[PDB]
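Colleague: Following the hints, complete the assembly by docking chains B, C, D, E and F onto the known chain A.
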Amino acid sequence: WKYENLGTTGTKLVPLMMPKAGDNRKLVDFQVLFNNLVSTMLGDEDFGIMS
Amino acid sequence: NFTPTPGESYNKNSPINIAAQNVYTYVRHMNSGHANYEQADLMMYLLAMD
Amino acid sequence: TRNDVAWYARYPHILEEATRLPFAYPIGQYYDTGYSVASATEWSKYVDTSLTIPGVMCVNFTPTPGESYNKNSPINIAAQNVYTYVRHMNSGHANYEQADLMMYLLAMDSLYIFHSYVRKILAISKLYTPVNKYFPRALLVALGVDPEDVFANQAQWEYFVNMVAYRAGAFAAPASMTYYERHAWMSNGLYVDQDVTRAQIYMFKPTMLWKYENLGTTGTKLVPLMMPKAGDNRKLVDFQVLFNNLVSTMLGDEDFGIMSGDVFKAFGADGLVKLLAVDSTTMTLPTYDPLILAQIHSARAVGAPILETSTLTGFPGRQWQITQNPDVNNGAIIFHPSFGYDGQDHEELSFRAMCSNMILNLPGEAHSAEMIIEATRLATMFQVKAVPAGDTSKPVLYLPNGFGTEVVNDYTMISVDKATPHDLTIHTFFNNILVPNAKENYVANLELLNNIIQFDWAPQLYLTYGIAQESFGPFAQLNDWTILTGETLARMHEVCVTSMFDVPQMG
Amino acid sequence: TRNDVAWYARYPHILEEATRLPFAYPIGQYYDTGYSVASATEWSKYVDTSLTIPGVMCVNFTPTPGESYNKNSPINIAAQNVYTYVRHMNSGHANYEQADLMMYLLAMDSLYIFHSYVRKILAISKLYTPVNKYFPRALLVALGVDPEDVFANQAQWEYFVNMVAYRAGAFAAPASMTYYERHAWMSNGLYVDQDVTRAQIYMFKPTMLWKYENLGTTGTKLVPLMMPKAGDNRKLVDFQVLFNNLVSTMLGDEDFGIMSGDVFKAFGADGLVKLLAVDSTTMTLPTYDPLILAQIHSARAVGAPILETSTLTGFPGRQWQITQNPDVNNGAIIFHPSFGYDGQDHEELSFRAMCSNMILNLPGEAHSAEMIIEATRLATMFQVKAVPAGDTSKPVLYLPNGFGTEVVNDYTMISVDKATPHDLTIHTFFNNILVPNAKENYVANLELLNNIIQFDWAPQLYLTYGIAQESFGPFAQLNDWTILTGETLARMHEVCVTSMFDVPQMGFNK
Amino acid sequence: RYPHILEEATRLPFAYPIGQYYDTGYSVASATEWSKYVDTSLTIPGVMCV
Amino acid sequence: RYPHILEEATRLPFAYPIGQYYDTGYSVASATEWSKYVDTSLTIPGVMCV
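Protein chains in written order, with the numbering used here: chain A, 164 to 214; chain B, 9 to 58; chain C, 20 to 526; chain D, 779 to 1288; chain E, 176 to 225; chain F, 176 to 225.
Chain A extracted, bound-state conformation:
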């Protein structure tokens, strides 16, 4: 579940698909996935206040 902020009209959790069992993904793909996951969380001050 990837966090999505819509502002005053709500807040989503959207799917972020993981690699499947034939994909042969390197470390750079998992680093891109982790950067895409925490992208909308470390710069949000709503998340900082709640944290």
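Hints are supplied without guarantee of correctness; some may be wrong.
So, partial list: chain F residues that the calculated Cβ filter (under 10 Å) puts toward chain C [as the list claims (entries may be wrong)]:
# : residue
1 : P178
2 : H179
3 : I180
4 : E182
5 : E183
6 : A184
7 : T185
8 : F189
9 : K211
Rather than coming from a laboratory, the hints here were simulated on the basis of the structure. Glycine included, each C-beta is placed from N, C-alpha and C at the ideal position.
Modeller: Just chains B, C, D, E and F now, with coordinates in the frame of chain A:
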């Protein structure tokens, strides 16, 4: 191959909404929390951490 | 001569494994039973798979001083009694009369009911049960508050209720005058219909309160101030302007301070009505009280309060008013409301079913005098019809044969919707329910009836139909009933109005 | 919480004089409430002054051996066990099979039920009470008997009951088989709903009994013999004709004589069912039994029995029958009855409301296994529709998913009328009630509902409105409940039918 | 904290007798339009003779 | 004598986390016409490197 879920939720009487109310009461009121977010925001932060 | 072992004791594991079923379903929750045939989905509404169980029935009441037509009324005799008690305990020349003191003493009751109401709104919000999902939001919706405003603004709500208790606690009122203790007992308390964990809850909410409205040399006139109804999502600003409208004429006023100080000198500080304080740990638990349940079971709803803005075609000047005027009835406190109103300037044809003699029903077979007279408190019977003026009148009004220290206006029931998203449903009704001729409201009326019979001591229903031109009588289960005529209920009402307003011994 | 009012203690004389009220109105007669508003006679039917409290709800049942469509049924397992004990463990005769012995044991139960029936008719007629004017005539009307006949011919009734108990002793049947004890305990008791003075009364009456039929070498039947219904006003001669018709094919059959002597030899005279004698001093007082009330609550009426003269378009061969044939179906006893019949050749569309899963609610919060297994004895859930033989079919029939030792056909409630004679009213109804679109059906249905809610552990109602094409679900006050599906109730039915037909007097499982 | 809730939700009848046909029933119940595509039967054998 | 009213009137959110911008808001709601003459900003610094 699994998908993490908060449970099925279509009204306020859901387990995730009851848990949202409980954790928002403990964080916001029993401890002096901030007032710029609601219970659904705190629960979705707790769901995004998982 | 040897009795052999039975089958259930020869195979106890078979019996205990076949009968292991999950009981104690949480209420506050929609349940689908499913189909046992499963081909019956072709029979769409002819198969009912829904199971909704209600949780809250709120009794919506109006506090009254009893019926009053002259100075021989029990409220005026009580005014005389309490005024000669207070005046003969206070050295000096008073500036107020007996009627001013009794009108102060009723306005203080409306303040104390307001404080118990907002403290109930506060103390409900901390209730949680896993097996009751109506807690606390259905209780808050039934009291007419926005439930999210109480959780979001909890400290401001606590400040408001503590300031109401501080500002209304500055006035004195006698503690040994059971009117205050009874109204506090009703307004502070959640009542289960049965002493179980998944029980249905009864509440008491004021429909209106009495606002003082000083007039000067032309007397004193307690006016209605309507409370928020269930479904109104009222916030703290609305309850604040309601409190400010209730105290605008008596907060920093000299006459109310003089009357309060005279009551404070007459009755000691131990003899005054104490308002409960509320912290963040204050909780009211649902209790089992058979006296509450006995008077709910024999409650009869009188209808909506008539206001000065309420339009009634053939009835002008019938608004509910506790009045006082030295020009009228020799300065007596006057209150005689007419009943059978619901808004909606037309005749509510279902109030004709309230013209029978009531049935007072109790459980067991031995009934004490205290139980019998406590079970008749919310009961009000009509006596005659009010006379219109103009030979063209749309509603039909009724005069009672006396009433207690409070009358019931309405009942509001909170259940769960059987349609998605299964939110709370709000149904307001009298004892008398009209079922007009349309296909929508037959199954809806049956759902209301099945919802009402879940409540163990629910008020007795009277149902009229449109095409039938016919009312059906008391829809309730009876155990040990008697038939009350209006004169027996009038005598019990006069006894209980006298007992509520009674002052101790000295002069 | 509400300190007591000190004014009531200081003036108890005024409180006692103001609250002298006539409670304990005797039930059995009409009461008028009167008028609070004396001018409300102009609003004639919009004011209800009537108060009709009912007294009797008769549960009309059919005794069953359980559902049986193969040899693995509980009745066939019981047939094998009792035939092994009678034929082989004791030296029995070899001219009959296990299905013959089991059908003899099933035909004896109808005799025992008939004896309990006429014994309850006799014991009711001596009951008169100042507090309950339903006694005894409403109980006698609900059982189908002319109540003046039992009064005028009390000695003849009293000796006929004893003669039934005497002539039933020509046939031997085991006493540890709790099928007989259950049916005798059901069809004789007067059951009170709340354990107070003028409480409501539940009875159990057989709708039909199983009459024995011998086809010779091509099988053996049990066919229905209909009992009188609650308006019939039957004299003693009708009940004597019914008892003569019941034992007509049993006392002259030497297969039954051989099987009777074999059961007598195998179990001994001390281990047989003893229908006990009644004297002139024999009374039944009504009892409080929360197991019986838990049976009546959550009971499910399956409809009328289907007879061979019954007219069912699209269903020509669906008459209720306990049949065995050595050529058919491994020689197993077959009872596969269709349900949902209303006595007419059309679709009773309120039985469509019996197609959802049932609710079983019990008192309290701690239910024992014995209590849960007892409370499901009259519950019957439909499973599938029957297949119509053809394409045109007016009724809709239902196959169950098993049933207990008895199915409910009907309920009959006796109440007083609200119109000016104020006589006894007889209403018969299922759990499912159709309210058709007519101007006079809604107030009558509401009176039926309000009479039903006087009975404490009443059956749960399912009301269908013809104007809305919509049914409403279980009209009852709930408690600690579950949702039962068909397989759980089928497992409980399997358990109880196995436990009823078990004879511990046998040499089995020691 | 709620052992009664757990013990009441999990009381199921185990130990079904073998030698017996079992119908599982439908969980969707509209699926009777899908006649043999839904399998509700449960047969368990008892004897394998060598 | 009235510590409940004192506790309810002084439930204040202290311990604002430093590192982010805070807006104070407007005591006078019409003071947006005086745009830069009203300062609603609060920027607390964290690091001074010598």
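Colleague: Okay, which hints does this one fail, numbers in order?
Modeller: 8, 9
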